[PDB]
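Participant: Here is how the chains run, residue by residue.
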Amino acid sequence: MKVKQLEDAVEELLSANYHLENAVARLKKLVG
Amino acid sequence: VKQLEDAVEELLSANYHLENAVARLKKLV
Amino acid sequence: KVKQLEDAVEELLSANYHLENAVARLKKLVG
Amino acid sequence: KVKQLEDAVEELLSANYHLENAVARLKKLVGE
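Protein chains in written order, with PDB author numbering: chain A, 0 to 31; chain D, 2 to 30; chain C, 1 to 31; chain B, 1 to 32.
These are computed hints drawn from the structure, not numbers from a lab. Don't take each hint at face value.
To be verified - Computed, partial: chain B to chain C, Cβ under 8 Å:
id, residue
1, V2
2, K3
3, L5
4, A8
5, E10
6, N16
7, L19
8, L29
Claimed, not checked - With a straight-line cut-off of 25 Å between C-alpha atoms, the simulated SDA-like cross-links for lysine to any residue are:
id, chain 1, residue 1, chain 2, residue 2
9, C, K1, D, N21
10, A, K28, A, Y17
11, A, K1, D, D7
12, A, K28, D, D7
Note that the Cβ used here is the ideal one computed from N, Cα and C, for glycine as well.
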């Protein structure tokens with residue numbers, strides 16, 4: 000495993016979390 | 002309202018597992 | 001080690017499960 | 001506004017795209 004390959008997996012997860020956080024924030028406001 | 006609350010709860014569960022993976026893989030890096 | 005990678009995969013499978021629950025249900029709401 | 005919900009859904013599908021990518025990346029590395 001290259002460290003780059005692990006960093007690239009981590010960057011994918013950060014992208015996932017970005018969108019997930021946006022969706023949660025949006026829904027929290029709709030509940031509000 | 003109850004449906005949206007349910008969705009939020011599901012997404013907090015998702016966000017938790019996602020961030021566990023991030024934190025621990027960052028430690029591997 | 002490979003165990004740390006496998007643990008992360010397990011976490012992400014749980015993440016996917018819960019995310020897909022929310023998507024399926026929000027799609028029904030949109031209807 | 002229904003667009004609020006549909007935008008949240010779209011964000012979730014974006015999140016799941018990246019999440020699927022991350023899982024596949026890691027599974028490939030598990031099998032090295």
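Participant: A separate judgement is required for each hint: does it hold in the structure or not?
Facilitator: We went through each hint and held it up to the structure:
{"no.": "1", "hint": "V2", "result": "6 Å, holds"}
{"no.": "2", "hint": "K3", "result": "10 Å, violated"}
{"no.": "3", "hint": "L5", "result": "5 Å, holds"}
{"no.": "4", "hint": "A8", "result": "6 Å, holds"}
{"no.": "5", "hint": "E10", "result": "10 Å, violated"}
{"no.": "6", "hint": "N16", "result": "6 Å, holds"}
{"no.": "7", "hint": "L19", "result": "6 Å, holds"}
{"no.": "8", "hint": "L29", "result": "6 Å, holds"}
{"no.": "9", "hint": "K1(C) with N21(D)", "result": "17 Å, holds"}
{"no.": "10", "hint": "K28(A) with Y17(A)", "result": "17 Å, holds"}
{"no.": "11", "hint": "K1(A) with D7(D)", "result": "40 Å, violated"}
{"no.": "12", "hint": "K28(A) with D7(D)", "result": "14 Å, holds"}
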